[PDB]
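Peer 1: Here's the letter readout for the chains.
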Amino acid sequence: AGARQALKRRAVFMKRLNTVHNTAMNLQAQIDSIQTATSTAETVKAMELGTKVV
Amino acid sequence: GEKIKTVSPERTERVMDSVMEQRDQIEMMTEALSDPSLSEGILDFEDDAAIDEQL
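As you go down the protein sequences, you meet chains A and B in turn.
Just so we're aligned, residue 56 is where the first sequence starts under the UniProt record's numbering, counting upward by one.
Just so we're aligned, residue 110 is where the second sequence starts under the UniProt record's numbering, counting upward by one.
Keep in mind the hints are simulated off the structure, nothing from the lab.
Do not take every clue at face value.
Stated by the list, open to error - Beta-carbon label-pair distances, calculated as ranges:
| no. | chain 1 | residue 1 | chain 2 | residue 2 | range |
| --- | --- | --- | --- | --- | --- |
| 1 | B | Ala159 | A | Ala96 | 43 to 53 Å |
| 2 | A | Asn81 | B | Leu147 | 20 to 30 Å |
| 3 | A | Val67 | B | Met138 | 55 to 65 Å |
| 4 | B | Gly150 | A | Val99 | 22 to 32 Å |
As the list claims (entries may be wrong) - Residues from chain A shown here face chain B by an in silico Cβ test under 8 Å; the list is partial:
| no. | residue |
| --- | --- |
| 5 | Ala58 |
| 6 | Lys63 |
| 7 | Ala66 |
| 8 | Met69 |
| 9 | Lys107 |
Quick reminder that beta carbons are idealized off the backbone N, C-alpha and C, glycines included.
Please model the complete structure; the sequences and the hints are all you need to start from.
Peer 2: Quick look at the structure:
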């Protein structure tokens with residue numbers, strides 16, 4: 056019975072671990088979105104400059 | 110006789126009834142606060158199958 060108790064508690068801890076890891080991955084996705092938007096803005100600015108010259 | 114009139118048997122019945130009622134209320138209050146459904150909270154939808162296989 057105590058083994059089953061400990062395994063249930065462990066199951067709760069691993070579920071919390073999974074939720075935390077997924078939240079950290081979502082934050083990484085947001086960071087990547089910020090950096091991608093910055094790079095895309097610089098690319099569009101360079102293309103507009105070249106288009107003006109041509 | 111003076112003592113028996115002071116602490117009558119009806120008085121002792123009232124006191125013991127109050128003790129019984131209050132003991133029941135303390136038991137109900139202190140078992141309400143100890144319901145395992147909280148710390149358990151989320152229960153297995155598979156109904157212990159995963160914990161069965163873990164054991």
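Peer 1: Next, verify each hint and record whether it holds.
Peer 2: Comparing the hints with the structure gives:
1. B:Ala159 to A:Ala96: 43 to 53 Å: For B:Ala159 and A:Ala96 the Cβ distance comes to about 48 Å; the hint holds.
2. A:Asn81 to B:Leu147: 20 to 30 Å: holds (28 Å)
3. A:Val67 to B:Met138: 55 to 65 Å: violated (27 Å)
4. B:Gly150 to A:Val99: 22 to 32 Å: Violated: the Cβ-Cβ distance is about 50 Å, outside 22 to 32 Å.
5. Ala58: Holds: closest Cβ of chain B sits about 6 Å from A:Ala58, inside 8 Å.
6. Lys63: The hint holds - A:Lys63 has a Cβ within 8 Å of chain B, the shortest such distance being about 5 Å.
7. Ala66: holds (6 Å)
8. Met69: Violated, about 10 Å.
9. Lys107: This hint is violated: A:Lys107 lies away from chain B, its Cβ roughly 60 Å from the closest one there, beyond 8 Å.
When each numbered hint is compared with the structure, violations occur for hints 3, 4, 8, 9.
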